[PDB]
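Read the single chain below, which is given as structure tokens and is the form deposited in one PDB entry.
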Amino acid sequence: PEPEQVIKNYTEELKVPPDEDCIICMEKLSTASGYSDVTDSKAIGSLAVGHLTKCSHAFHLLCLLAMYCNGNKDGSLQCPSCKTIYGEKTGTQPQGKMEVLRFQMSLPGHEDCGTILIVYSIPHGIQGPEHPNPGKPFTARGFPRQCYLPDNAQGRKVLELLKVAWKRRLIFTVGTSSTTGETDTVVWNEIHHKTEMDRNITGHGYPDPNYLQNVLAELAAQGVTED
């Protein structure tokens, strides 16, 4: 869908604008969109105002359009105030593969069950239209990347949700490495994984009693919920 149709699809226009601020541009809703000076459109003027259809938060429609055009344009929208997701949120994960293995040995802190191994393999390539620099190379460092879950009821639920996030292209993105500063490289995208069975190697791994709770919250923040 066209960007302006996304905004209209998920908003109900307000006849008279309230006094409160648009928190995207921090101008009153009754005045022109604060991003009217750098955002052009066809069917959305600088005065148009609406509220999202599920959380009733209100914005200049032209600010919502500018927000949407700064992200990847997959037809989904996320409310900047309450983070409610409209449509199916997807991401810019490059092509690769995701392999799942299991073994009977226990992770530290999960002596009562076996272990799930997830192996992600993403090669280098050419950036697509959704990426920072379309048509330019991107690198991919340190693949295959191996990740571990306990093979209990909660870990198996995380596994199934990770498969959804993978299908929605949400696990990796192309950006700059927080570790090395390198730009235009494949990096993790907001869903943290355990890459060490033993946290003594790097400081991060198992045991970690809060990990499954925390990764479930990260999946949910990206619209990947138990439903």
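Take the two forms, superpose them, and find the largest set of C-alpha atoms that agree within 1.5 Å; that set is the rigid core. Positions refer to the first chain, counted from 1. Only residues modelled in both forms are compared. What changes on going to the form deposited in another entry:
- Of the listed residues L161, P144, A43, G87, the one positioned at a hinge between rigid parts between the two forms is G87; the rest lie more than 12 positions from any hinge.
- Put simply, the smaller rigid part swings 30 degrees relative to the larger one between the two forms, by C-alpha superposition.
- Taking residues common to both forms and aligning the rigid core, Cα displacements of 2 Å or more over three or more consecutive positions between the two forms occur in 7 to 68, 70 to 74, 77 to 86.
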The other form holds:
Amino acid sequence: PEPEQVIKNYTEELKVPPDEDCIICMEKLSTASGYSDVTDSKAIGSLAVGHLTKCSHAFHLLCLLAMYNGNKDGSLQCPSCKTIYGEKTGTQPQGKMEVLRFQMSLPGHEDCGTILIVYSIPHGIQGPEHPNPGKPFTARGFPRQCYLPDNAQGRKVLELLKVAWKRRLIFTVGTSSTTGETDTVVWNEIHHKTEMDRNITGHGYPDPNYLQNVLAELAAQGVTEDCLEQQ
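Same protein, different condition: the form deposited in one PDB entry was shown, now please give the form deposited in another entry.
Below you will find a single chain and nothing else.
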């Protein structure tokens, strides 16, 4: 889990670095890391070069370490091909997700029924992964209802949302964009629809771009169609 440990976990030493540049610092792999002056490590020197263990893209290991300036969730993303090593997870506190389906249609989706997701997160105590470990956090507005059309795309989004939920990515502990309350349970860059009819609050359905948008948001957090498949 330690920052030097995860880089070794996802890399293999390149005995002879071929004649090429490291896309993180632009210095050739056969020469020193361009970030050696800034980044210090215990077991990684300026000349250490290695490749990621699925895509074989090569970098200075110190460059990759300086990159892993991020969440420190044990995950690492190739800057070249964006292949994700490990699994991005988040700080969603404990709670409950329930899924229902009814026949009534959402506006703009009169050809199908509706998926209803209900989330509930109780108040609690922040853990070491949270902004103020050991301090309380609050949780407003629960249970929260969210809506998806019960068509092929909405059913796919639902399956991905369940994965994001299990990865603690749906909610985080942060500052409410609406009340300014700090240390509270808020959304985490995966936008949900919380009303059926957008004309009441200005938020809801129809929204032709919504499903495409949320798939992209899920993918940016490493939740993809490939995550649904099992050998």
